[PDB]
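Consider the single chain below, provided in C-alpha cells and representing the form solved without this ligand.
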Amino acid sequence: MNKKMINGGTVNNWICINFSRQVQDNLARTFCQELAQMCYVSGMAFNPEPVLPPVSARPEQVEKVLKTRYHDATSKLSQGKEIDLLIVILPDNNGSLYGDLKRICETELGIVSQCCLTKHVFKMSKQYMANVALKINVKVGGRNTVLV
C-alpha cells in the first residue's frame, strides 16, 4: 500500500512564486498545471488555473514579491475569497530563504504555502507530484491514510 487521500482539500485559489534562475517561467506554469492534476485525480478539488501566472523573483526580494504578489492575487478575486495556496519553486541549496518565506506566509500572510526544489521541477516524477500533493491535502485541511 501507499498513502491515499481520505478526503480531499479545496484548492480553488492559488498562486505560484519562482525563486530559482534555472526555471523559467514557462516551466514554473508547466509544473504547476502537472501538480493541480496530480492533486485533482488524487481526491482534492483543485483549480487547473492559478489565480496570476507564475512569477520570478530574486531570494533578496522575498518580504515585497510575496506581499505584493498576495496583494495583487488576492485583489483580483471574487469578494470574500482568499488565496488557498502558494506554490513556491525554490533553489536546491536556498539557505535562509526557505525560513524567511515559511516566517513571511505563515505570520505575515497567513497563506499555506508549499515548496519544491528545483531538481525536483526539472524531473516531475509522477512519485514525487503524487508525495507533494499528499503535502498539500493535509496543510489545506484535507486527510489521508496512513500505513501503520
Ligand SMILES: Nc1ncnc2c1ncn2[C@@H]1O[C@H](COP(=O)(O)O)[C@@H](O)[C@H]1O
Contents of the next structure:
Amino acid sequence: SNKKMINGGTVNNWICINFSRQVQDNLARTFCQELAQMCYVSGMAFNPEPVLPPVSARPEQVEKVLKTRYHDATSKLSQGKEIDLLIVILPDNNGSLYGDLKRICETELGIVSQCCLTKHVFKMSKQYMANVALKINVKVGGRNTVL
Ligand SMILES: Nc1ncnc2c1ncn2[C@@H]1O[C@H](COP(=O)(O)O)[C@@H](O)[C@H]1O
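One more: the block was the form solved without this ligand; return the form solved in complex with this ligand.
To see the whole picture, the full complex is given below, headed by that same chain.
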C-alpha cells in the first residue's frame, strides 16, 4: 500500500508565487490547478481557484513580494478569513531562497507554505502531485496513513 489521506484538511484560500525565470504565468497556473485537483480527489477540501493569480518575482525581492502578496490577498478575503496555503515555485538550485522563504512564512507571516522545484513543474507527474498533496495535507492539519 502507498500512503493515503485519513483525514483531509481544508484549503479554501491559497496563492502562488513563482521565483523561476523558466516558468511563465500560465505554467504556474496549470501546475497549481493540477495540484489543487490532486489534493481534492485525495480527500481534501481544496478551492480550485487562488485568491489572486500567480505572480513572478526575483529571489532578491523575496521579502517584499511575500509581504505584499500576503497583504493584497488577505485584504481580498471576507473579514476574518485567512490564507491557508502559499505554493512557491523555486529554481532547482536556489541558494538562500528556500531558507529565507521559510523564515518569513514561519515567523513573520505565519502562513503554511509548500515549495515545488521547477523540474517537477515541467514534468507534473501524478506520483509527484500525490506526494505533494500528502505533504500539504499534514501542514494544514489533516492526517495521513503510515506504512
Ligand atoms: N535548500 C533547500 N532545502 C530543502 N529543500 C529544498 C531546498 N531548496 C529547494 N527544496 C525543495 O523543497 C521541497 C519541499 O518543500 P517544502 O515541503 O515546502 O519544505 C523538496 O522537494 C526540495 O527538493
